[PDB]
Each structure stands twice: as C-alpha cells, then as structure tokens.
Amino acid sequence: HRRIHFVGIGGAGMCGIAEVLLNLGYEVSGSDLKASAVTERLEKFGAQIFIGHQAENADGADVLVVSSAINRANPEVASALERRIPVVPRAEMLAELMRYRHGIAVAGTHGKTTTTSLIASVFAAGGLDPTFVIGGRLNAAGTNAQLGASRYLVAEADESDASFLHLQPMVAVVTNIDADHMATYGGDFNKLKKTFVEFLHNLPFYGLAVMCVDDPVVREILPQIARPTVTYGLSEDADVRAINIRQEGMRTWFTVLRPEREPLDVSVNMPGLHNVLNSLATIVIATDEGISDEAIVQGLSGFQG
C-alpha cells in the first residue's frame, strides 16, 4: 500500500487522476486552497483532503503529484524534496494509469480527440463504460461509478507530451504523422518519425497497432513495426476500408470492408474524409475487441460532435 499526495487536488486535471487511484485501492491525500464539490466527492470516495498548503500535509506520502500551477516554493513540494519523496508531474501519473487497465492509446497529430470519443461511444454502446482521457481530463460518459472502474482506459497520446514514450497500451492507433510538433524533437521531422516507431514498440508482442495507410508518413514507417498491425483507410490496399461514401443530410454514410466479414453499412454525424478515417480506426479497435456490429453502428451514429 502506498499514499499518493496531490498538491492542488481540486484542479481539473488532478481530481480525475486521484479518483482513479482511489478506485485502484491506493491511499490518496490532497491539498487545495478551496473546498469544492470536487473535493467533497473525493472525500466521499476515501480521499483525505487538506485546505491550504503546509509542509505537514505531505507527511507520510510515498509520492507527490503536482500540477503545472504550483511554485517550487510550495511548502509541501519543498518538504518532499528534502525528504527525497518522488515528485511527479500530473501528466506522468496520468500516463501511468494505463498500466493498470486495458489501455487504448490514440496517437496521431490530428484526430485524437474525435477518435477517442468515437471509441468511447462504441464501447459504451457495447455496455463497457470505458474511462477515457481528452485534453488531460478523465471522463466516463454517464457512468454511475468511480473513474477507472472499467477494464478499459482510452487515452489521447500526444507526441509533444513528455510522457508520450512512457505509455504502456495494449492497443495503439496512429491517425497520421504531421510536422506540427517538430520543435519537441529538435526541429527534425525524421526524429519525430522515429519517435512514432519507438512508441509503437512500447506495445507488447501480443498488442495491436492500428495504422492509417492513407497518411504517407504512416505508410512509410509501417515496415518498421515489429508488432501485429491492422491498416485502414480509403487506400485499396488497406486491411479495413471505406467505400461508397455518400451523404444523406449532415450525416455521412459509408460501407466498411473488413477481413473475413460481410460489408457493414455505417453512418456518422460528421463531415469529411478525416472523420470517415476516425470512424474506421474505431471500427478496427472495436472489431479486434469483439464488439458486435450493432453496438458499432449504434456507437458511431449516436456520436454528435
């Protein structure tokens, strides 16, 4: 048993991480300047809450988690550093949660948010109530449960995030590879591409890499990936393909072709080929997980945008 202490536990990105850790059985304490409904919920769920910051609040903690909104002058942080207690940024602890669950990491420069939401929507339609991470915020749509209760954790994997390479997913998507975040990698696109290869090799040999081969950079690195892979796209050589794209209103329809399955007609309330591709990525993951066609259809059409 360990105690994790959160400095600023009421912050929007912190409260969700504390709740997941509570759900996993850890002792959780936290400090914040103001009591709120967020801190009362955490206390109801087993968190010890302190109001105001003082060195005593950090006593007994085996780890501190600190936001990007805390000075090092903060007495709790300073006490932990003096006693050699580890202090970890919010984002590393967030990435760490995937080690306890069946982690689905949605990587790619664009489309992570939509693809993660579609995945959550489909899993929920299949009765699975996943916890999912968008913009650093843990969520579980309509759940009557603590965050992290599901077996599944679906998270955006941002290549500009310092913890990108410490994610340990079971399944990983790569929607596309753009140059937006070259600065994270010394302004070198080739280094940025190599990071995506290393990220996919954090998968276990039984894992699954879900690769958009309509993106030329994803297609380029594909031969480098020594893990099971399923490819998707409109490309005629993709494993999972969309054909017969059409509109009926603000709703996009298309037919998805999958290995050893009959063609499946789906719709989504979102325009553009990039959202057809995001739907394909979702369909691959859901198919790999054994989710029925009926939940896939329901999950895709029910998502709004």
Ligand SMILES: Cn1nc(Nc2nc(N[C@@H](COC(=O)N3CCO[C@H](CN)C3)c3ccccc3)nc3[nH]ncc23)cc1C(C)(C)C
Given for the second form:
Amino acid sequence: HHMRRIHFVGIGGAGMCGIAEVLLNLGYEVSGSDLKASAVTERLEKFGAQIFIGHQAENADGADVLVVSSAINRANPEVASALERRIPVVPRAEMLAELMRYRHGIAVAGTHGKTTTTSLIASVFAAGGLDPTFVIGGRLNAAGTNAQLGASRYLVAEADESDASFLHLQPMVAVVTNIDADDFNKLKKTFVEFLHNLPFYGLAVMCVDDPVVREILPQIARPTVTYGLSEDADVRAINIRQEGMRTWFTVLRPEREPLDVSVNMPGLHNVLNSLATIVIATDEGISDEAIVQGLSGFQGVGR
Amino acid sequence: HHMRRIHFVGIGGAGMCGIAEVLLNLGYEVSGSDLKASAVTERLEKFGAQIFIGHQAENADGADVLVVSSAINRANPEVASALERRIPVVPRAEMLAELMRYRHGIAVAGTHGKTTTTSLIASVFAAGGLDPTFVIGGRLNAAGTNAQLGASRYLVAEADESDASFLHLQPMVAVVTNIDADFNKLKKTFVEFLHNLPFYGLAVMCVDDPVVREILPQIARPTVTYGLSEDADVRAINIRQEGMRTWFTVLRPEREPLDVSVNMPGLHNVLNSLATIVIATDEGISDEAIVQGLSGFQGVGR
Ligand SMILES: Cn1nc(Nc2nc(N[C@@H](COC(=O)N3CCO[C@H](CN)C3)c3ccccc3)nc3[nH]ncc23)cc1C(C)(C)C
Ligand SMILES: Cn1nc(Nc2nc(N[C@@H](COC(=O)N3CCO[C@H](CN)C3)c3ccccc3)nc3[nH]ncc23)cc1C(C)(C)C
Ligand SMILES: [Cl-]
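Next, give the form deposited with the ligand bound, keeping in mind that what was shown is the form solved without the ligand.
Below is the entire complex, every chain and molecule, led by the chain shown above.
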C-alpha cells in the first residue's frame, strides 16, 4: 500500500471536506491546509484530520498524495514541495472518482435525469436501510439514519461525461438514462467506453426508450438490464396514470409479479427516473415495500 | 454478482483452457464446448468444468458471459443464441485482461523487454515462494509444475500497447520499460495506462529511456525509477560483463548495495533485471530470492 497519508490543499473548501471525511472513515491518515480555521476544519480534526492553517512547504511533509481543488498551482509552497519530490498531486475530481474503488459504486450517467435518479436511488436505498453516500454536484451526502460520510457500503454518484474523471470511474453498476446530441460519434464512443469500465460481473442499466442508448446497446459486452415504456424493455412501466403531483404505474420485472408503485413527482420523465431506480433497487435485493416507500415518499432533489 | 457462469466456445484451445482454469480457481461456474474431448477437457472437468462435445445452441443455456477465441462468429449456434439474449460475448484477450481485477496484478509494458522482464519477475516471485501465475504471448503459465493456474494472489502479465484491452487493465503495479517509435498519441496512451493504477498502486519507470523520462512528471501515481542513470532511484553500478553472464551491484533506497547476476548478456538485460528488482523489493521479497530468481533464469521459453 503506497498511500498512507493524504494531504488536502484547502481542506475546508467545497467538495474537499467531504472527500477528506470519507478517506478518514476508510482508515487513511489525512492532513490538510486552509487559509482560515472554520467549523468545517474543527469538525475534520475531531474525525482525525491534522489541520494546518496557512500554506507552507512543511505542511506537505510525510504525505504520499496531495489533493488540490482543481488546477495544479506550483506557486503554492505545499504543491511545489510535492512536485519537487514526485509526490502525486491530483485534483479533487479524480480523488472523488477514486472513492468508488473502495465501495459498491453506482454511477448515474446520461444527459438528462442524473440528479433526480441519483436522488431517487438514495431515497429507495434509505427506505431499505442501506443508507448510501451519494454525490450530487461534486458534494458528498449521507442518506438514511447513518450520518458518517463514506461509512456505507454503497456510493451513488452522478457521472458527467464532460468531466475529465468520467472514464476513470470504477463502478459496480452504471446507468445511462439517455444520450443527447445537444463530434457525436466521439460522444457515443465515450459512453461505450464508460460502460466497459464495469467488471464482467457488474451491471449496465440502459434506457431503451432513448434512441441513442438503444443504438449503442448491442456494443455493450457487459450484463445489461434495459428499462423503459418500450414493449421490449426488461423492466417496463405500464398502466401509467398521471394524477396531479403524483404518477401511478405498474412495473414489470423479470421473474417477478407486476408491482404497482407511485412517484410523488409529475411527468413521464419521472416514471423513467423511477424505472432506473427500480432496476437498481431490485438488483440489490430491496423489498417491494421499500421501493414503494422510497418512490412515493420522495420529497424532491435537495429536500 | 451478475457473472456466475462463464461459457467458453472452443474450450480445448491452448489459450482458452488456462483462462477457464483460473476462473474455476476463483470459484466461478465454468462450462465449455469443443468439437472433441481431449486430455485438456478432462483436466478441466476434474477442476470442475462442465464439458459439452459438439456445438449446439443449448450448450450456452444458463451462461452469463461467453468467451470466444477472437472473432465473434455469428454463425456459431452458441454465439448466435447468446447474442439473441444480450449475453456478452468477449474474445479471450479481454477475459484474460479482466483476471487482473481478481488478483494482485503486475502489468509489464513498454516497447522492448516486456517478455523477458515478465519472465524474470515470475522467476523471482517463484523463488520467493509466491507461486505466481504469469502471461507471456497470450499464454497463461504457473511456476508450479503440477498446479492449477490462478492459485496464488499474484498475476504477472505483458501489456501490449496495441491490444484493445491495454487501457482497461487494472494493475496494482505497472512497469514501463521504454517507449520507442502519432508518436505524441503513443505517449498519451502510456500515460493513460499508468493512471489506471489506484492511487495506492506503483509505477515502475525506466528513466534511462528518453521518452519514459519525458512523461515521468505527468504520472500522478507513486513512482520508483530505475536504470543506470545517476538519478535513478534503483540503480545498477559495478557492472562486469563476463561472457554470457553479467554481474552488477544494485543500489536501492534504504538498503545495502546488493550484488546480483543474470545469465543473459547485454545491458538491456541489466535493465530487465532492475525492473524485476524494483518489483520484488516492493513486494518484500528477500535478497536471497532475488539473487536465486535472477541467476537461475535460463531464458524466455526455456
Ligand atoms: C429531470 N429530468 N429527468 C429526466 N429523465 C429522463 N428523461 C429521459 N428523456 C427525456 C427526453 O429527452 C430528450 O428529449 N432528449 C434527450 C435525448 O436526445 C434528444 C435529442 N436528440 C433530447 C424526457 C423528458 C420528458 C419526458 C420524458 C422523457 N429519458 C430518461 N430515461 N431515464 C430517465 C430519463 C428528464 C428531465 C428533464 C428533461 C425534465 C430535465
Ligand atoms: C530483450 N530485450 N529486453 C530489452 N529491455 C529493455 N530495453 C530498454 N531499452 C532498449 C531500447 O532499444 C531500442 O530502442 N532499440 C534497440 C532495438 O532497435 C531499436 C530501433 N528502433 C533501438 C535497449 C536496447 C539495448 C540496450 C539498452 C537498451 N530499456 C529497458 N528498460 N527496462 C528494460 C529494458 C530490450 C530488448 C531487445 C528486444 C532490444 C533485445
Ligand atoms: Cl463535500
């Protein structure tokens, strides 16, 4: 193990403080510098972080890896010391992606629906007592009764194809909701390469109502479950009854009896977000009752 | 776990049976078809494989993944049935690369020296009692004479920059021996390969090679450099080239200088041996096992 101590440059900053908390919960030694002590830094040192105030070269001493907010700025004395000694320096987006190596990672990709689907997954998993850490907008959150970031077995994260870290995710389950052309063939290849980062025992969850996902499906040499309203979708919504703030539908699933559910958000697109979620919940062994509870009690993204 | 049963079309092949053997050792259900039974299929059956003689669609029933030799032949009934059901069908090279995921994988890349370096690493790891499975030229081997492949935690494999799986390998340790001539794109491919290491992995880099030296600062992974270069972390000095045999002393961080020998001439074989020494040292292998493994190696394929 060539990573024992991880040093964050600007550990009090957004996205940085959650990553540090996860790494502390994975058992690593974590240190960090910041220009000002705050409630964020005082909470980090109660979790075991060594906090330095201000930037000076000595703050990097002993670190095996440095994490920086984005750009690598050799004008910063901690970064300059690390670079002079060939200590790796990585942006926070890459360390965030690296967390999936330690957890059962569920990556939610596609043009539209990533945030809502990530949130619905977290809600249904919490209703089943699985309490994942989930990542929306680069920020780590804890679902359910478990308050410790990264303590859960599960890590659910939006996967944005424009991020440099997109193709370095190592998920166990990957969803593609849709692929929207607003080079298109480079883009399709990017999504195909993303899905091939799954292990052979992993799962690709594919919306076949989307034309481009349907087009790339035969290229995916990984186990797949398809979903949609389409007559050939593995996991299919029928009997859709739109009723105000809430939509009722029946979900057909391989080797299961039909299940009547509802989602407390309007629009066909939220039936599709719920179907992705049901595929993932079903794969994880979550009960019908918890699926119903998590979809119908969902209070919205951010609530 | 969405892969319980792996089915090999043509499992009696020399390059298929070893992959099947490892998957059996990993606890998977394995089945395979071939045109005729053989000592190979019987060995696999004794390890737990279900063997079908003849090709028919039904041989693939229950499989989660099919493995074929290379090309996907939609005329084969087992392949056609799998494709109709969205069962993945993958060439053996891609299943071979995937084994690194289950093991402590050591990937040996670079334009020159991959086969010899992989072989020396296997020899030293065997001398250290670690019983490695290793891959050269697409062939799985193990040091143990009468052994099932994949028994040990260690998997050492050549990584060819021209293979479709090169950028999907998931090693714990990766060597780049040299990068020798678009060329700007080749550099990028080796840099991307090295970033497939976890942050707690290790990149072993020959700084005598000008292009490896050039890309070294781009590698945001822990690194150990080697070579004859004065600034190499792990350095060969005191080199005496005596017939087909070379003696040299290796300097390592935090260790006393160690005199070794290799019975293959040429400075490139000093470099192949240095890469091996870096990897063996990192793994905690003793001086005695390094000395024995290097000196006893008779040559690739011997
Ligand atoms: C929060 N939210 N959540 C969504 N969720 C999903 N939406 C879609 N589809 C979109 C239609 O999308 C396109 O019209 N596109 C995209 C493809 O490219 C096309 C140009 N070539 C253009 C959709 C919109 C409305 C009703 C039904 C389906 N499919 C999905 N599958 N699983 C989840 C899911 C969608 C949204 C919005 C749009 C409200 C932000
Ligand atoms: C079995 N084997 N094992 C090797 N191992 C290594 N070789 C090298 N460097 C090569 C660079 O060789 C070139 O670039 N050449 C040589 C051929 O003709 C090229 C025209 N383009 C120019 C080298 C060759 C000779 C002396 C010193 C260094 N560096 C290494 N680092 N760690 C291991 C290692 C090399 C070999 C070969 C196949 C060459 C015999
Ligand atoms: Cl955060």
